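Colleague: In case you want the letters, here they are:
Number of protein chains: 4
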Amino acid sequence: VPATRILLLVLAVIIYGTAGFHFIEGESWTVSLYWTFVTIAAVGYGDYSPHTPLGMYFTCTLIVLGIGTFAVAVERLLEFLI
Amino acid sequence: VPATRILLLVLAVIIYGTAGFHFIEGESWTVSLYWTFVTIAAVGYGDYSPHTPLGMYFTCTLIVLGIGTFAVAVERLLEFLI
Amino acid sequence: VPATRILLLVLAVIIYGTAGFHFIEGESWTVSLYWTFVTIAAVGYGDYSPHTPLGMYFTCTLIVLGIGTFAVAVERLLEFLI
Amino acid sequence: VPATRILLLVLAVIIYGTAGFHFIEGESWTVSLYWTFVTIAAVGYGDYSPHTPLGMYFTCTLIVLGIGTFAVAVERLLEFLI
Ligand SMILES: [K+]
Ligand SMILES: [K+]
Ligand SMILES: [K+]
Ligand SMILES: [K+]
Ligand SMILES: [K+]
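Chains as they are written, first to last, in my numbering: chain A, 1360 to 1441; chain B, 1360 to 1441; chain C, 1360 to 1441; chain D, 1360 to 1441.
Bound conformation, chain A alone:
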């Protein structure tokens, strides 16, 4: 898969996660973006996490759609940086 397509795919995941956390959990856009990276990179500090049923459901979807997408994106980035 072309590196640029992978880039678009991860950006789409980042938008999905950021907007979802912002509207569902009520955190700021900045905190939501940060939480999205922390989540799809599977770093998960837990400083932020969903506290509502809908948030938990949403997070599971982001986990399933974002973790794999992020993994592929980073490796491809490694090539263009190495």
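Hints in this document: simulated from the structure, not taken from any laboratory.
Don't be surprised by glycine CBs; every beta carbon is placed ideally from N, CA and C.
Check before you lean on any hint, since a few could be wrong.
To be verified - Here are a few chain B residues that sit away from chain C, every Cβ distance over 10 Å (derived from the structure): (1) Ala1362; (2) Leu1370; (3) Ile1374; (4) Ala1378; (5) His1381; (6) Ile1383; (7) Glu1386; (8) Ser1387; (9) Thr1389; (10) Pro1409; (11) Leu1437.
To be verified - Label-pair restraints from in silico Cβ distances: (12) B:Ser1387 with C:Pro1361: 26 to 34 Å; (13) A:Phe1439 with D:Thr1389: 20 to 28 Å; (14) D:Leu1440 with B:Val1360: 25 to 33 Å; (15) D:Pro1361 with B:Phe1382: 45 to 53 Å; (16) B:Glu1438 with C:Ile1374: 15 to 23 Å; (17) A:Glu1434 with B:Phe1439: 37 to 45 Å; (18) D:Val1360 with A:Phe1382: 41 to 49 Å; (19) B:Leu1366 with D:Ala1362: 21 to 29 Å; (20) D:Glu1434 with A:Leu1370: 26 to 34 Å; (21) B:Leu1367 with D:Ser1387: 47 to 55 Å.
Stated by the list, open to error - These stretches of chain C come out as covered by chain B in the derived footprint (C-beta under 8 Å, 3 or more residues): (22) 1382 to 1392; (23) 1395 to 1401; (24) 1404 to 1418; (25) 1429 to 1438.
With chain A fixed as given, assemble chains B, C and D with the ligands onto it according to the hints.
Modeller: Same frame as chain A, but now just chains B, C and D with the ligands:
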């Protein structure tokens, strides 16, 4: 391995983890399902975790059986989504 | 690498991590074993973590030696289970 | 890629993360180094995390640049240790 078989395998892991956490740690079904995804995707927020010896033992088994299963499942999903 | 050798290697990492956390951080053997799995599987709930300089140094070594070892072990286990 | 080059690359990431967290979040050098490993290995205990907007932005960059770099480094280390 057929994608559908991998799907069944991860669903089985999700059931095992959710039921185990629910009965051993006493959290709701929804919270238990959420914790199971957070755990097998190795996101681990820590908002929920085992507080009993049996829970800790159980979690280690879920980690060993679920993390690898989840990893294979996500990649296969990437193919059908990309 | 033979699956059995990989098994021995991960068991050695588990012993190293469990004994180290127990003696350095002072947690029980059970909690230490649990923390070791949570750490080498890179789940990291944070319910337990090092609170001393030596503990932090030790944890970094466990991270470097255990995460890769655990990853290889799980995949090999996937074969014998799938 | 030569193992030694990968080594230099991960060391560079470790310096970037440690210095950044120290100056941006104000934690000690030791705690910052520890947090950097915990973050790039994607262990993420959450005992330490950024509490400022700049820190969050910085952490996202470290996540993108360090997680992949660390992954490649550990595998290469596995070869020289196994
Ligand atoms: K992880
Ligand atoms: K991981
Ligand atoms: K974590
Ligand atoms: K993690
Ligand atoms: K955590």
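Colleague: Please go over all the hints and tell whether each is borne out by the structure.
Modeller: Hints, one by one, checked against the model:
| no. | hint | verdict |
| --- | --- | --- |
| 1 | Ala1362 | holds (13 Å) |
| 2 | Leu1370 | holds (14 Å) |
| 3 | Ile1374 | holds (16 Å) |
| 4 | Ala1378 | holds (19 Å) |
| 5 | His1381 | holds (18 Å) |
| 6 | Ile1383 | holds (13 Å) |
| 7 | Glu1386 | holds (14 Å) |
| 8 | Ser1387 | holds (19 Å) |
| 9 | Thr1389 | holds (19 Å) |
| 10 | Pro1409 | violated (8 Å) |
| 11 | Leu1437 | holds (17 Å) |
| 12 | B:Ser1387 with C:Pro1361: 26 to 34 Å | violated (44 Å) |
| 13 | A:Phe1439 with D:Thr1389: 20 to 28 Å | violated (34 Å) |
| 14 | D:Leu1440 with B:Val1360: 25 to 33 Å | holds (30 Å) |
| 15 | D:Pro1361 with B:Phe1382: 45 to 53 Å | holds (52 Å) |
| 16 | B:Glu1438 with C:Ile1374: 15 to 23 Å | violated (39 Å) |
| 17 | A:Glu1434 with B:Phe1439: 37 to 45 Å | violated (20 Å) |
| 18 | D:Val1360 with A:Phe1382: 41 to 49 Å | holds (42 Å) |
| 19 | B:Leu1366 with D:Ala1362: 21 to 29 Å | violated (38 Å) |
| 20 | D:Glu1434 with A:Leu1370: 26 to 34 Å | holds (27 Å) |
| 21 | B:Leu1367 with D:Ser1387: 47 to 55 Å | holds (49 Å) |
| 22 | 1382 to 1392 | holds (count 3) |
| 23 | 1395 to 1401 | holds (count 4) |
| 24 | 1404 to 1418 | holds (count 3) |
| 25 | 1429 to 1438 | holds (count 4) |
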